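Spelled out, the chains give:
There are 2 protein chains.
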Amino acid sequence: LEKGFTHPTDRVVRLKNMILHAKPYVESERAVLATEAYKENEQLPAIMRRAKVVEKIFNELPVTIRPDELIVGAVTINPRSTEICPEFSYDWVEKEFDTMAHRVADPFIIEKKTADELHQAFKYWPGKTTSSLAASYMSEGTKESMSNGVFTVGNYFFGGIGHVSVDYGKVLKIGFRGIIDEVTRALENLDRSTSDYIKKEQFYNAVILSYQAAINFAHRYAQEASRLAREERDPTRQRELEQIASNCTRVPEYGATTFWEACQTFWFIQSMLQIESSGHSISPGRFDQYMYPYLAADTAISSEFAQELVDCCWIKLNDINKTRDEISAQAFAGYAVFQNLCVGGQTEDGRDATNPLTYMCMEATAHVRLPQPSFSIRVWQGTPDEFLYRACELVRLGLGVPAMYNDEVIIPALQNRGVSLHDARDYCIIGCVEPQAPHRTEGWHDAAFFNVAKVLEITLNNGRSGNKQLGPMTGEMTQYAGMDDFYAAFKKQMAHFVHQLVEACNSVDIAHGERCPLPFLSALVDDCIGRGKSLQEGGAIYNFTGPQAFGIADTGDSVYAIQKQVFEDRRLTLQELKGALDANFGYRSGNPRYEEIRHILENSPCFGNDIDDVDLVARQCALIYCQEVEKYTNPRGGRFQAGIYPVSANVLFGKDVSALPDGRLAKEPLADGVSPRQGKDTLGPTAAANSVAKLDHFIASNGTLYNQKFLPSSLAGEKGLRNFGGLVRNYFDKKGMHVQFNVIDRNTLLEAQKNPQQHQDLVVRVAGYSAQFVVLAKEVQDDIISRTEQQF
Amino acid sequence: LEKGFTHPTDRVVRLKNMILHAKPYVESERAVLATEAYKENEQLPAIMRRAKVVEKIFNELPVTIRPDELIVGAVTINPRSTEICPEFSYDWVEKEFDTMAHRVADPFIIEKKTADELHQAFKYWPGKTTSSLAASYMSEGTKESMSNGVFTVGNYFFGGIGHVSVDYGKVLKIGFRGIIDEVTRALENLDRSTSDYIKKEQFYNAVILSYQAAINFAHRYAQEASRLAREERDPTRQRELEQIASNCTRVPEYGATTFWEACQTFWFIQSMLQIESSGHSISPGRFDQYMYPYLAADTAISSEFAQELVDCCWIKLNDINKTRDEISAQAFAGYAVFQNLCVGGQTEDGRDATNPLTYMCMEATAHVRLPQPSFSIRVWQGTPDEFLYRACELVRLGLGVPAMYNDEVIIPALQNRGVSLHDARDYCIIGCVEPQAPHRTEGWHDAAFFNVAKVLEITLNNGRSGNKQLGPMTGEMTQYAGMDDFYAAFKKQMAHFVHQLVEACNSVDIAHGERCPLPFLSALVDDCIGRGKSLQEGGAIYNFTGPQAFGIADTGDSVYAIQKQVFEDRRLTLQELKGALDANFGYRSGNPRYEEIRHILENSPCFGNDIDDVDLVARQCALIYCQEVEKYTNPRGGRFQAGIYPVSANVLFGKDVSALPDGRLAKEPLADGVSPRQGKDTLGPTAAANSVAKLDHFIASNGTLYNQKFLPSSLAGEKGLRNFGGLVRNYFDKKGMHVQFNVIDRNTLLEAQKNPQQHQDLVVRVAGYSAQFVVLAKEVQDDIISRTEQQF
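So the sequences go chain by chain: A and B.
Last residue of the first sequence: number 792 in the working numbering, and the count goes up by one each step with no gaps.
Last residue of the second sequence: number 792 in the working numbering, and the count goes up by one each step with no gaps.
To be clear, the hints were calculated from the coordinates, so they are not data collected in a lab.
It is possible that some hints are incorrect.
Just so you know, same-sequence chains aren't split out, so a pair can sit in one copy or run between any two.
[Unchecked claim] Simulated crosslink set (DSS-like; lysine-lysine; CA at most 25 Å straight-line):
#, residue 1, residue 2
1, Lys754, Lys491
2, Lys52, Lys128
3, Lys95, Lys39
4, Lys778, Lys734
5, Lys199, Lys631
6, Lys578, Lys778
7, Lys491, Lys52
8, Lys173, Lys39
9, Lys56, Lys199
10, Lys143, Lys52
11, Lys23, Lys719
12, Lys123, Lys52
13, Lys667, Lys680
14, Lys680, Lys492
15, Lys173, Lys578
16, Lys199, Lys143
17, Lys631, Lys170
18, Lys128, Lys655
19, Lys694, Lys578
20, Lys492, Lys564
21, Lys39, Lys128
22, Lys199, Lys734
23, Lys200, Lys95
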């Protein structure tokens, strides 16, 4: 059960190190072309304008094929660089012209020719962003709440949406000409009796015009592959390019007939989508399922060469990059675009879905060892031991991937939200940990972060934050009688802020629906073509909005600490807990009663130790959150659904919370997702796993996230892997939704800190994705080093 | 019965002449302020952007009290001038910069400071107009039909909607501050458990800001009234001014307290609506019904000063003007904004509504004798003889006023469209001849002009116009087996073109609903405040779209000519008639066979002579249109309903049509509304009355327009009045909807052509409104001259 990994070809390693060495830039071509496309087409409906944006970008964005590539397609000229998408938001880019190359998290080079031309185009945009329109639909108190860091909807307000697994399989089989046929045939069968055929007809005419330029983009890479073949001196590389040219002339305009073609089809879809919009989490989904039929009917390709194309695709998935404002960028830190590819799991009928491309994807990860993709596996009851005990063997490489997702919790959870058993069985994972029925969902799976710790802070402070009346006056802390009177005030505060959070999410939603529906993306999700409506107008079968709680373990161990240390053991007064909270447990003041109260509170039973009383409080606070969220609906007919996952913002939004009744000093990091709090699960990985499984994962149907970290030597040998497999299975059997493990010594991370030059390829999990450790700001690195170390 | 007419005050005669001796200017200030408000507010929802538009104009537009006015409120610096609303269209204004002052129909002085001022603002606009959006929603086939003269939606394409009678009485009781309070009580009762509140709340927040602004606008006219009063050195005019100043400080901010303030509340509404949007046919409606409480409740006011105030309302209604592109101006000729004001009829409770203010509204029209208001009376079985005779005795002054509307056809016509009996009973007339339940409707009572004559042309040419295949090839003329085959072809044509006519009107509808929902107007129509929506989004209780037919008589007498002279009486063959039609009856060749054929067709029986044979063809052809318009719905959720009236384009649209089977030569005029062809009704008015009544007026529920012209001596004496009253009852009793009259000698109109400088105040009826005869183009003049002269 201990099988080892093969090596990649010298080209793959060359292709890899190109990603690894490359310095990221901001680039202006797409922002200039896009801008000029809005200028020329003020008079069209938003859909037809957006078709003109992609037609001009596809027709004119520089074509770039890199030395040694087999799969081709590049969003920027320079590897790992970013375009600028000012249709969503701009001003923060021009503010950081001079600072973005020197900033802490995710720095980018902005050289002056680029700032000059990005400066020009930005003169068009003031108040024409989707963000500025989303800003205007918001109530005043909702901005105020977001300003005091209760919650934020920055992801889709600053940037695009994305967060979708499109119908890769459809384009592989009928092509772009196939999509166009389905739209011309829909266009003939329009009911033209009422008024509402007119906007539909506009959608269709947009979708067709986008795919006619989405064809010309492929062709337009094809002529540059021939151009490079006629001018190439190595005869063998000449023939690679002549046939790369042949691959791009057929796909994706038509269906794939080789594997090579099928791999190139995948990449144009994956790449072109992130040109139309800067939405990240364009997640390839079940790429072992919809890419395998093309491998099996390739009776010409060899084993080695198939694996090399899977390695190339992996490396191209790392070519995408995306800049955010100095502060947003610390929450998605690592040049991360969160493109999630799951292998394994069930077919829609019930059989296991393992196939030979499942293991080659597992090999490709072990070949490339880069942060993308967000490689994942699906676990269900019939999962072959050979599969789990091979994903495990891969995990022990200490890249963080695969993350593991549980069919037996996610599938019933998707059903609770109106997903059919047939569609739930086909689920993929989006971005970090969020499940959807692929190519039939507008997910909005990271619309917002929401800081439940901050709601506890405010709850205790009578609706106040700072000295600013931010929430309802639900009683002063010193006037609670029991925990009943707490959960009363806490539920009221939760209904206030969740209602505000929803207003913010729906405002960004109306915004995107009204100023920037996508005619390209929309044709690759059911049911936009049949319904003649964009994803942004509710075109998908299933519609959701996913806001993220965190500070969950924090809120819990805190609410329990008040229960135990004030009401049950009577070891302090409510007034003393107030005075201690206010004084930051006397951190500056050196007040020793407030340190003695801290010490008491630090040593309360903690969520994460298989202790029912404290685990049930973590569960109840998690529920209070998740239950408010699901009451509310979005403008596309869909229902909000809670998730608990921290991207890299648990250090960031930790700064928004004062000292909590669990002994946490003001402004320190918060708990990552549903992980037990940093270093406070002390009895080992099963005790930890058991506690996390007591949370209602089913109701948090936008996905939960659990982080464990192992030292390597505790996963060495075959009874290393046998225990690592029995813990996954124990956790999933006890109804937990997800777990992903770091496997790394702490001196490794410490030497990564002191000597960054010699750890450029050290890749580890942050949360729901992996990153290069040295790209992470030190406060984040320390949070990762502070996470508990599990031992068998 | 002959009672006579009082004379107006010398003041009213100075105010009358001020209108008459005005030179219309194009002005810029409201066009520039509108433009700056757009620039400043790119980021806002459209409804909110339109609050800031109306706000800037209201807070900043020049305030102008004209000498002598008792009722003040001016749209333009210069009397009887036009503003510019570039949001709907702009480009024709700039193309006409130097031509507009010199064109034939409706010139305007543009001074160059005005042109430079407009030139600059227009730089903002390319592509951002409602015209531009409306246009790109229409299909190439629909633009082609329009380009070839089959039909036009230009009215709401180039300009605003209007065509409304708002809730004056509600602003009269509770004022703008009362409107603000309904929006606050709506805002506080909002169901905030969905996403639908976010847009209803913008609209409410948009209605308050507009109505605050409107209150400043009235307050500003008061500061001007007081500024002038401090400098007045005639004491009579001084108290007048400080008494106007008091009126504008109460009304319409609050409810009217005297009759004077009720009048200044009216005029502020009637003026300011036309400031936010250039949509015309802003129709006062039941003015005698909703002002009269405030006249009765004034125990202080004299009848002489009450009648004088009502006269300043008539004059102040002539102060409004609107320029259109130079072709448009030909179809809405005469500086005409069609603000229709009716008196009399039934209450909601079924009994007669005459009150002392009814006869004061007739006396106004005898005093002022200017084109506006488009003065109307309602008639039902229970009309007191007093009122019909006094209304005639006024029609006999030969201004064209009042037009006459039949309750017994209009009320059930609206019931067939879903209007309650309670609501239809209270109906007023919009524009020319279009009825609505006032303040409960967005009726679009002039969405389009649809050329029925042009469709006959296109049918007999197998769907061609020029050598260009415009409709289905329904079969060639030479192959008709009888009149059955023709109607088959005619109805397939009408179904094709009416479908595009709908696609046209609905694009203009979507355009307006997306780029110019009006928060000010919207608040004075049920049920916009209740529902949280604008008139452009279906806020109204009732919703319609009214296209108009041209050449009904023309289609009728042509179809019948075929039936009789070809199939019945074999005087022509199908081929000869194709040759003669195609050769314009040899108007140019000199072909005598075609000259013979012309004489044979043109001497067929004609609609308007009480001849059932031919009158029922007219009924059939009008139905074919009316019955097809009926099938379609609009984006606000209401039915299309066909009207029949010509405004001023029965000449202009005749130009689009070849020779027809009735012997009309190519490009000659078409027949006005449902009236007989010009001079073809030769057996007298009672015989023509009977013919127009055989038509189905009920299905044509956007209104039909019948014209008659009379020898002044034939209506002389009270024998003339008993005759004239007995003709109106004849035609109403026989289920005809509307009749209006000219009372004018032929040589009066001839001398007016030949010494226009001594007939400046000759007002006559054109069609559903009256205009200075001399202002009209010679071809429109000649058309009115060429109308049949009735004689008892």
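Outcome of the hint check:
| no. | hint | verdict |
| --- | --- | --- |
| 1 | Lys754 <-> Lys491 | neither (46 Å within a copy, 86 Å between copies) |
| 2 | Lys52 <-> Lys128 | both (17 Å within a copy, 16 Å between copies) |
| 3 | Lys95 <-> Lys39 | both (23 Å within a copy, 23 Å between copies) |
| 4 | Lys778 <-> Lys734 | neither (36 Å within a copy, 92 Å between copies) |
| 5 | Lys199 <-> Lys631 | between (31 Å within a copy, 20 Å between copies) |
| 6 | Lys578 <-> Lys778 | neither (32 Å within a copy, 91 Å between copies) |
| 7 | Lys491 <-> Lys52 | neither (48 Å within a copy, 39 Å between copies) |
| 8 | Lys173 <-> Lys39 | neither (36 Å within a copy, 48 Å between copies) |
| 9 | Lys56 <-> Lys199 | within (22 Å within a copy, 33 Å between copies) |
| 10 | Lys143 <-> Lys52 | between (33 Å within a copy, 21 Å between copies) |
| 11 | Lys23 <-> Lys719 | neither (42 Å within a copy, 101 Å between copies) |
| 12 | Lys123 <-> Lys52 | both (20 Å within a copy, 22 Å between copies) |
| 13 | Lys667 <-> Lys680 | within (18 Å within a copy, 93 Å between copies) |
| 14 | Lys680 <-> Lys492 | neither (29 Å within a copy, 81 Å between copies) |
| 15 | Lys173 <-> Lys578 | neither (65 Å within a copy, 56 Å between copies) |
| 16 | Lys199 <-> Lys143 | between (33 Å within a copy, 17 Å between copies) |
| 17 | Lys631 <-> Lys170 | neither (35 Å within a copy, 40 Å between copies) |
| 18 | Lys128 <-> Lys655 | neither (32 Å within a copy, 45 Å between copies) |
| 19 | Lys694 <-> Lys578 | neither (30 Å within a copy, 89 Å between copies) |
| 20 | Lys492 <-> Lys564 | within (23 Å within a copy, 84 Å between copies) |
| 21 | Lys39 <-> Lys128 | both (11 Å within a copy, 11 Å between copies) |
| 22 | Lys199 <-> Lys734 | neither (49 Å within a copy, 45 Å between copies) |
| 23 | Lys200 <-> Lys95 | neither (40 Å within a copy, 35 Å between copies) |
Hint check: violations occur at hints 1, 4, 6, 7, 8, 11, 14, 15, 17, 18, 19, 22, 23; the rest are consistent with the structure.
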